[PDB]
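Below, in structure tokens: the form deposited without the ligand, a single chain.
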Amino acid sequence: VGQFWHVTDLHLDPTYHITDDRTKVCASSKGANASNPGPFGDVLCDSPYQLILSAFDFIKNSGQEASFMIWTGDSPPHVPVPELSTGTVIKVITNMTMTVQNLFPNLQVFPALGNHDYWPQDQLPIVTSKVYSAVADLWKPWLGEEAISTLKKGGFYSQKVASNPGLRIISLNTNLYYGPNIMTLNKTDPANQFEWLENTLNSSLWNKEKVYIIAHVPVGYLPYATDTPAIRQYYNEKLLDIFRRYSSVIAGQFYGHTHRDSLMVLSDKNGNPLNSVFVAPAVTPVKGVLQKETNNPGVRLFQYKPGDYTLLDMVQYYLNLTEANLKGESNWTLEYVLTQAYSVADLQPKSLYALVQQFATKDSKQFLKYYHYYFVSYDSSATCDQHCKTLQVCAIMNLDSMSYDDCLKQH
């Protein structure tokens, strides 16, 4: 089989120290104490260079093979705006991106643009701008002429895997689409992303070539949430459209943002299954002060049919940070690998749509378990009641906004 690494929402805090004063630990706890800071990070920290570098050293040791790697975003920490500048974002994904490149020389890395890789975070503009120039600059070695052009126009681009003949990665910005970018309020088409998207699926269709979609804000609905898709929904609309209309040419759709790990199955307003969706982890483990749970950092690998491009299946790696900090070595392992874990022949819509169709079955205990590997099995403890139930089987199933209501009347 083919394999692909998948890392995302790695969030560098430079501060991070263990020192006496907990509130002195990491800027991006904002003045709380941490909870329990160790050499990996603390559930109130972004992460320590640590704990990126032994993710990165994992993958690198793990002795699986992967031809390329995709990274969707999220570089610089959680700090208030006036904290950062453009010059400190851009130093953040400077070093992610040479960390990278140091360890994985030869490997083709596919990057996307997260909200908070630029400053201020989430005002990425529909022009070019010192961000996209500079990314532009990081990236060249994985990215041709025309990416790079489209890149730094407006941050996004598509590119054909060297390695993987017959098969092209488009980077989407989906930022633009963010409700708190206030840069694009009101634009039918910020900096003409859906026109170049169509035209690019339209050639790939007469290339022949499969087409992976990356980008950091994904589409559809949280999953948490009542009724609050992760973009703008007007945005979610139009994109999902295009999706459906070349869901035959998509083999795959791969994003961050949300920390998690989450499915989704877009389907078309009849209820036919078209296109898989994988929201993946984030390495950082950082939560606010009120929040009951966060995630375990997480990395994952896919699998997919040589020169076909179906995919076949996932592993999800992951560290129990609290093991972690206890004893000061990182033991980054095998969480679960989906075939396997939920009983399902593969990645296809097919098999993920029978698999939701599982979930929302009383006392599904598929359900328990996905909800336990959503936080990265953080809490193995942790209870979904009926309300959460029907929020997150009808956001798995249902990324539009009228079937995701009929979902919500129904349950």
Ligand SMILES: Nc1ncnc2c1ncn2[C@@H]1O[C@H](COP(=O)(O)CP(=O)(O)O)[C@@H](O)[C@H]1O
Second form
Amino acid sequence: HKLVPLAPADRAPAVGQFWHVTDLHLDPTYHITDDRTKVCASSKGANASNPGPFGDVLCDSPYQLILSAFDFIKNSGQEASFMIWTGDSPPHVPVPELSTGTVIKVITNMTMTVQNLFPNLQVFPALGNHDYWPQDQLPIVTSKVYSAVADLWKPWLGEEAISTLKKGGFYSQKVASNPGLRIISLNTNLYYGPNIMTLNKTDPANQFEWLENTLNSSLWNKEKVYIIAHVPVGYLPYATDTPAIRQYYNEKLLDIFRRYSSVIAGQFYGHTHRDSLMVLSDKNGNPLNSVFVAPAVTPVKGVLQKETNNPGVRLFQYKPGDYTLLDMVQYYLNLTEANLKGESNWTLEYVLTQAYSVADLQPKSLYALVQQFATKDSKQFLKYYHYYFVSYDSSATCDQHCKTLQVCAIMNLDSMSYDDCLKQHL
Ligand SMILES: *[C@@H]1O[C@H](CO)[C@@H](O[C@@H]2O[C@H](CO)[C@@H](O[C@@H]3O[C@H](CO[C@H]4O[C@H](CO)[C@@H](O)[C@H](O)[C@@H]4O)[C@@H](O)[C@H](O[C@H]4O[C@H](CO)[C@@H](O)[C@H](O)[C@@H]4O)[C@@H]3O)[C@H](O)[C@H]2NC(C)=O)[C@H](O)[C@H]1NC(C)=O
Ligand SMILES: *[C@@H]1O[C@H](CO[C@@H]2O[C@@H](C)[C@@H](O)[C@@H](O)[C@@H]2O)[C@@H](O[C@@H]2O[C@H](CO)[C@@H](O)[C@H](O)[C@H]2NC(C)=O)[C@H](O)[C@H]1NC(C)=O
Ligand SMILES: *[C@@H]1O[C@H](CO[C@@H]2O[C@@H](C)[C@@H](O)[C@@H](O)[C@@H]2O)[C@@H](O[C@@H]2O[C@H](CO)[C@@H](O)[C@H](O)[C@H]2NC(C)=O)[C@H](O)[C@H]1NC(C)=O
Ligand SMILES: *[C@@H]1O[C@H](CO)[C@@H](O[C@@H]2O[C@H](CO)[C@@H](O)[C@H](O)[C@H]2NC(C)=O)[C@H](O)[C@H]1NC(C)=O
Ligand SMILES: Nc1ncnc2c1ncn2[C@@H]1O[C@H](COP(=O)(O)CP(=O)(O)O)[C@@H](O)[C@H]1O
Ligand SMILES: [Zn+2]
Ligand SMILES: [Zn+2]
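Alright, leaving the form deposited without the ligand aside, put up the form solved in complex with the ligand.
Next comes the full complex, this chain leading.
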């Protein structure tokens, strides 16, 4: 007779789950036509290779492809308490074929697609480098795009997040359904090489100072943080000695992350359109923080590229009220199969713990996995390289130089450790 909360059962608490989708790159021009140079503006005059209703490898995403991905999520049977969405909604077309109003129109379409299909789902977006006109020129003060997305994303974000988003394209937000968890959505496009607006700025839009203060508050309030952004930290795995953002910013951002590794329970990025792992470590090789780069929904590649990705979306599992990452489930669309019969079959690609025989996604568990990759003829690395392209090409091979570049980028996010890895393994 005293109104005490009702105790749950002795059952095991169910894991928490969240979706990650990225790099949708809608091409509204997509349409099948005899002259394959007119199928999609994003092929920039090249002949689409073998186009179908769900797209083509030389094209960005038809609306039907993006719809099939979100329909899959909706009907998947997976419970999820939120979704992260790390940017890049307009297609790859020349700057004069876009405008601020066109960019805002595509972002609106994608946002409203999500809000219409998932009316009760909190979504945490980040801006990508194509989410601005002209592309990559994301500014260090308020702008029409920043104001537009602050209005579009208001259903998901509190007043403070809306205020920082409008001013600089970044925010942090407590997760309604997960007390003790905070999402930090960075604008890492401010650090991206092509951005003229941030040349020679030590702290563009004051995001480093803001990030430092946010993480410090999280540390003292005993919160855990998931970092999300479009462009990742670290090195490109397919090129030699090339940081994904400007070296000065990569070093500075990584030092913040190392200092707050006890608070940061995950980092999630897009932009590369590939499935990649990174493990942030200290100078002595001790693992500190796990990093997950998710592949894109668009399958687009340039004519000069041999390989591309299949469309992908992914799901993370985490410990409730604790937020340690337990697993990752990668789903994909076999685009050639879907196009041939005209019906999509989004399906499981792999479960990380099962594919690699690891216990969970903690930095030490993944560090031990990537150490296996480094062994000669590692079957684990061969599997990883197949998944890097989301199973696009089972016959794709990675020679000695290719593999050194991959493994060095997985394990060494800062310049000193990366260059030392090259010294040892080139
Ligand atoms: C996504 O869905 C696609 C479409 O179904 C799958 O791609 C098909 O995969 C099958 C099997 O891997 C392919 O069938 C085999 O093709 C081999 C030829 O390899 C390539 O080279 C020729 C060049 O002429 C291309 O035309 C061809 O499309 C391939 O890209 C043949 O060697 C095989 O024949 C022999 O082996 C098999 C046993 O393995 C026997 O069944 C045969 O009778 C014969 O003895 C076989 O024909 C098929 O070609 C692929 N189609 C396309 C369009 O690429 C993907 O595998 C799937 N993705 C995933 C991850 O599952
Ligand atoms: C885009 O493709 C057209 C058509 O390509 C042809 O059709 C393919 C299915 C295949 O049979 C190719 O070998 C063909 O080229 C290209 O125009 C045709 O190209 C060849 C050589 O010029 C010739 O057979 C046709 O007369 C050409 N013109 C037409 C109208 O068919 C065109 O060059 C391609 N464009 C680009 C940028 O690659
Ligand atoms: C990180 O925060 C600590 C803790 O300070 C408190 O943390 C939050 C609740 C926030 O709301 C702050 O206002 C609080 O004061 C800071 O530690 C303080 O450091 C100064 C020296 O600069 C010292 O005089 C205070 O006594 C310290 N307070 C405590 C409680 O130890 C620290 O400065 C913050 N770090 C950064 C980089 O800003
Ligand atoms: C997002 O864009 C898609 C594609 O442009 C819209 O679906 C199309 O809507 C127009 C009508 O305005 C038709 O011309 C197309 O045939 C529709 N389908 C496709 C596959 O193109 C969709 O309505 C837009 N959604 C929102 C919320 O704006
Ligand atoms: N996987 C890759 N292999 C080779 N070149 C790439 C690869 N990814 C990107 N590039 C190159 O890096 C630059 C950025 O490419 P984008 O397609 O815009 C990535 P996004 O669409 O996420 O912004 C391009 O010049 C592109 O040619
Ligand atoms: Zn992209
Ligand atoms: Zn990008």
